[PDB]
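Q: Listed below are the residues making up each chain.
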Amino acid sequence: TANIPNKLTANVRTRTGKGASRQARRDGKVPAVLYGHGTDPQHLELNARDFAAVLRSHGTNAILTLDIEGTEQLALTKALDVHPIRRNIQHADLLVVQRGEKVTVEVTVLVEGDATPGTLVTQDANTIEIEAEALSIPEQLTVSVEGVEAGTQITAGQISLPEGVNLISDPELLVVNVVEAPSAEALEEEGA
Amino acid sequence: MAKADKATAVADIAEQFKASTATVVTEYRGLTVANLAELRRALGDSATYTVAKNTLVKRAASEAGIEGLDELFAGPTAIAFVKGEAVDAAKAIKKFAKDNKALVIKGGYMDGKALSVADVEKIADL
Amino acid sequence: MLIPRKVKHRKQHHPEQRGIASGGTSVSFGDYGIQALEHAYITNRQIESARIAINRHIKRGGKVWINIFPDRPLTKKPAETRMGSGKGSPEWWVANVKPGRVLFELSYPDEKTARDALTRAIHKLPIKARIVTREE
Amino acid sequence: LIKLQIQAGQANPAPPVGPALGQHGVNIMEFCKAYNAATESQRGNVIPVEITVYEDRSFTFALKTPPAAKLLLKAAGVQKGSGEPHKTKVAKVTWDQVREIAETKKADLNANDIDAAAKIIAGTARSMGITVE
Amino acid sequence: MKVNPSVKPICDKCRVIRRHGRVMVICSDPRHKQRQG
Amino acid sequence: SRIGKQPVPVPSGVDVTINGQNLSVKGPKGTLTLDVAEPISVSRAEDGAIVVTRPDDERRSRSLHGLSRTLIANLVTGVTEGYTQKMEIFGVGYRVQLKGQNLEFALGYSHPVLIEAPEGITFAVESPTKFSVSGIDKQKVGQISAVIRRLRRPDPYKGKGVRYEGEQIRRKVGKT
Amino acid sequence: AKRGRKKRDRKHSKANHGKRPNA
RNA sequence: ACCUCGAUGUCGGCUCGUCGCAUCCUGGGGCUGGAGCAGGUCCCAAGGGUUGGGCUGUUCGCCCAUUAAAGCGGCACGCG
RNA sequence: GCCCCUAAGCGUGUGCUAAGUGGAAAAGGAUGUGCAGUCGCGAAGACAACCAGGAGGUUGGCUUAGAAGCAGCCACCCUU
Ligand SMILES: [Mg+2]
Ligand SMILES: [Mg+2]
Ligand SMILES: [Mg+2]
Ligand SMILES: [Mg+2]
Ligand SMILES: [Mg+2]
Ligand SMILES: [Mg+2]
Ligand SMILES: [Mg+2]
Ligand SMILES: [Mg+2]
Ligand SMILES: [Mg+2]
Ligand SMILES: [Mg+2]
Ligand SMILES: [Mg+2]
Ligand SMILES: [Mg+2]
Ligand SMILES: [Mg+2]
Ligand SMILES: [Mg+2]
Ligand SMILES: [Mg+2]
Ligand SMILES: [Mg+2]
Ligand SMILES: [Mg+2]
Ligand SMILES: [Mg+2]
Ligand SMILES: [Mg+2]
Ligand SMILES: [Mg+2]
Ligand SMILES: [Mg+2]
Ligand SMILES: [Mg+2]
Ligand SMILES: [Mg+2]
Ligand SMILES: [Mg+2]
Ligand SMILES: [Mg+2]
Ligand SMILES: [Mg+2]
Ligand SMILES: [Mg+2]
Ligand SMILES: [Mg+2]
Ligand SMILES: [Mg+2]
Ligand SMILES: [Mg+2]
Ligand SMILES: [Mg+2]
Ligand SMILES: [Mg+2]
Ligand SMILES: [Zn+2]
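Chains as they are written, first to last, in the deposited numbering: chain W, 4 to 195; chain I, 1 to 126; chain N, 1 to 136; chain J, 10 to 142; chain f, 1 to 37; chain G, 2 to 177; chain 3, 2 to 24.
The set of hints was computed from the structure by calculation and includes no laboratory data.
Warning: the hint list may mix true and false statements.
[Stated by the list, open to error] Within a straight-line C-alpha distance of at most 25 angstroms, the following computed SDA-like cross-link-like pairs (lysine to any residue) qualify:
| id | chain 1 | residue 1 | chain 2 | residue 2 |
| --- | --- | --- | --- | --- |
| 1 | J | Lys-115 | I | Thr-50 |
| 2 | N | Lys-59 | f | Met-24 |
| 3 | N | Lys-128 | W | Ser-163 |
| 4 | J | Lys-83 | J | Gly-34 |
| 5 | G | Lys-159 | f | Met-1 |
| 6 | J | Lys-73 | I | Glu-63 |
| 7 | J | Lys-115 | I | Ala-14 |
| 8 | N | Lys-6 | W | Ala-195 |
| 9 | N | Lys-112 | f | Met-1 |
| 10 | J | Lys-73 | I | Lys-6 |
| 11 | f | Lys-2 | G | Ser-44 |
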């Protein structure tokens, strides 16, 4: 797995606080904090539009090259602050990284396939935990479902992991549960 | 329809022509899929009978010497690629036009020449 | 009609309506969900009406999740009585819903039918609400 | 130019047949006798017959082969098809019956060869849900 | 001529028009003819 | 707009006069008048064409452009050829006759009914049941044809009354 | 109910700044 | 429980009205599971009209004959 | 607060609205309109419109008087 770093421009914040953050969000700037093993907290501001586009293109766990006043720095999107209601981006958490670093990452698992018609499949574990390399973090992990019948329990173990990818979660996690499709009678019974 | 699918169709139709010895261009406006499928029974034996969009064909026809068939793309384009022998497609289309009377042959091509209805009928007879 | 089996205090103050939802703000079980936009109290009957509306629509298959339980009560005193003389007696069992909360959750193959079912559900609710999927 | 499906040894019912093409202005008795003669030259199969109608009311009967699903129902030996295809597998069909039905429907199909007809017959048996191996 | 605060295209042949500042629905079927009011 | 960017050709038997925004067209069938709106500019291409132009593509300009272009086209077509509509009636004993220029109908009412052809329009009955109307103005011809059509209430059961030829009436069956 | 509407709405006068005595 | 207890007379009925339309009749339309006759329902429409008796203090209600119809409401549940 | 009533601005610049919105109101309905943005197809000619087709298995199986692409249920298949 070899993904390209993404190039973003950051400018160091002049003021910090709720008023400064509201003002910065007002004119299209998103506040971010760069903290890592370098033990240097940088309060930065990013273009909201371009950052959002990069996130959409390359998921939540994207590797970034930030332009701190000419300096190109490798960072990772550790956390995002989204408004519960209007789905903005409120704040960003960025972790300094050097190449060849072991990274702990939540990666979304997507269920694809054609289950048997008398089957309903429920995706129970929304996202799974991976130890990998900073330059080689998947975007999605795929689970195929074909011929799955009766109660077919897919645990965290059965997900295929590429090279350099390590499963941190306990492999018991029911990522996908295959069940009998609820009946025309069963639906009228739950909740009463 | 997307441009990639059109490019793939252009390449495939070009490839099918390079495997064809000669071609016939006809008009099908005015026939149903029933008799059309019966024709694919008749023409599917040796030759190949298909239809393509003219703007797709001219990029497919610019490949070989069927660049002289650009002027026969007027009207709905039905192409008969004669692969087995030469004359089978011409006589089969002539009889299908005699029975149906709903087909008009725009022309044909082979041996470096694109040739009109009279010359096709000659080769269809010769 | 979902009624809690027992409560520690059967007569309570009104659930106060300030702020936006902190928990339950994401779709967690089904493919789709309904996100609330207003502040409200939601009773038993509204929930069962919406749930039957969904069930009638999707009909055959797919499963539904209800993320909120009407466990906070509301009392009414008998009519034709003056003010005072003690608090009333409980009648109707509600839940305090704030904007951002996810009410109903659906797992169903088809997208359009799912949206239609959730729309039928929303029309039964006293508040503005919208359909939210698990995609960001 | 209409179509009906009428059984082997049966003719002249009121609901399915009589008014069906009696409102098409076609002579019913001559059709009935001719189709009956032909189908007793078949001896064995419910047949779909297509009436080709003209302006002077002269009619021609198009006798296509007995229906593919009906041919598979008589092939698998069961009187009734399944209520839940691919779930309720009432009977079984073998590849040799598949080839015989493929020949008959080749006489009825647009299929150019035997294999296409066999694939069509497999689809037809699946449509009603009888196990094909 | 239905008159309702809601007007919707009952069948796909229905078309929605605004005449003289009010919204109505026109269709070949006179049953589907309705007005928003 | 998109229609309003197609030039209006002037046939040889046609004469055109333009006075600012006013327009007049004279041909074998007579003379007709028209006025265009302030936003729209009108020119005559010396190649025997008419050009309708707009300065802007806002709502008023876009809407008025095609309107004015089609309107002048209809105006010239009226004095070149004219306009003809056909009527044809259904029902037993439904009577149509011409008295000079005036049209008389007997559609089942106790009394017979009359309609008067206004100036610029004429009637022609060739059958007791069907006839035609000729005129210079498309709009006036359509108006009179409509008022003729309205005379008898529509019948989905037996379909009595006047009709256009091309139109088809919906019909239900009164079963009882 | 008209009168209560009138008073509660004239409370919104730009001079009253959203407050008037007696609602 | 905000005016009225150094007084603001309270039910039905009679006389006299005035206004609203959320129209009972008359008028104009749309749709019909509208053949016609006769209907159903929705929209527009306040010009005019909208009975006499038996029982009840009665309002109301039932009933008897009719009428095109025998509307509902506000005006201190109008008016001592 | 500044057109007149009524003292002071029918003030300047850039837009927006057609509803007297301004100068009352809900769920909800809706090709009004402006700004900004995402995805599709589009000269290899897109969309609309104008002309030709949309066939065979087959009336797929159950239910049914009936069920044949078009009360209903299951799969939702195959050739030219
Ligand atoms: Mg508090
Ligand atoms: Mg939450
Ligand atoms: Mg919490
Ligand atoms: Mg609501
Ligand atoms: Mg409705
Ligand atoms: Mg009130
Ligand atoms: Mg208050
Ligand atoms: Mg007092
Ligand atoms: Mg006093
Ligand atoms: Mg007193
Ligand atoms: Mg009065
Ligand atoms: Mg009214
Ligand atoms: Mg009327
Ligand atoms: Mg009416
Ligand atoms: Mg009146
Ligand atoms: Mg008057
Ligand atoms: Mg009154
Ligand atoms: Mg009083
Ligand atoms: Mg009174
Ligand atoms: Mg009183
Ligand atoms: Mg007194
Ligand atoms: Mg008194
Ligand atoms: Mg007095
Ligand atoms: Mg002054
Ligand atoms: Mg000012
Ligand atoms: Mg000024
Ligand atoms: Mg000014
Ligand atoms: Mg106002
Ligand atoms: Mg409002
Ligand atoms: Mg809405
Ligand atoms: Mg078919
Ligand atoms: Mg059917
Ligand atoms: Zn309609």
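Q: Check the hint pairing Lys-73 (chain J) with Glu-63 (chain I) against an upper bound of 25 angstroms on the C-alpha distance.
A: 46 angstroms, violated
Q: Mind checking the alpha carbons of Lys-6 (chain N) and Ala-195 (chain W) for me, to see if they're no more than 25 angstroms apart?
A: Holds, at roughly 17 angstroms.
Q: Straight-line Cα separation of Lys-83 (chain J) and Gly-34 (chain J) no greater than 25 angstroms?
A: With Cα atoms ~34 angstroms apart, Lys-83 (chain J) and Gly-34 (chain J) exceed 25 angstroms; violated.
Q: Between the alpha carbons of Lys-2 (chain f) and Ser-44 (chain G), is the straight-line distance 25 angstroms or under?
A: 48 angstroms, violated
Q: Sort out whether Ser-163 (chain W) lies within 25 angstroms of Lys-128 (chain N), counting only the CA atoms.
A: Measuring from Cα to Cα gives roughly 42 angstroms; hence the hint is violated.
Q: For the pair supplied as a hint, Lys-59 (chain N) and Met-24 (chain f), is the alpha-carbon distance within the 25 angstroms limit?
A: The hint is violated at about 33 angstroms.
Q: Between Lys-159 (chain G) and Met-1 (chain f), is the straight-line Cα distance small enough, at 25 angstroms or below?
A: Since the Cα atoms of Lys-159 (chain G) and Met-1 (chain f) sit roughly 24 angstroms apart, the hinted pair holds (cutoff 25 angstroms).
Q: Within 25 angstroms, alpha carbon to alpha carbon, are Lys-112 (chain N) and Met-1 (chain f)?
A: 31 angstroms, violated
Q: Does the structure keep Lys-115 (chain J) and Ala-14 (chain I) at a Cα separation of 25 angstroms or less?
A: 33 angstroms, violated
Q: Quick one, are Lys-73 (chain J) and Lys-6 (chain I) close enough, alpha carbons at most 25 angstroms?
A: Roughly 40 angstroms between the alpha carbons, so the hint for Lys-73 (chain J) and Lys-6 (chain I) is violated.
Q: Does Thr-50 (chain I) sit within 25 angstroms of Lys-115 (chain J), going by the straight-line distance between their CA atoms?
A: Between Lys-115 (chain J) and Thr-50 (chain I) the Cα gap is close to 23 angstroms, so the pair holds against 25 angstroms.
Consistency with the previously given hints fails for numbers 2, 3, 4, 6, 7, 9, 10, 11, ordered from lowest to highest.
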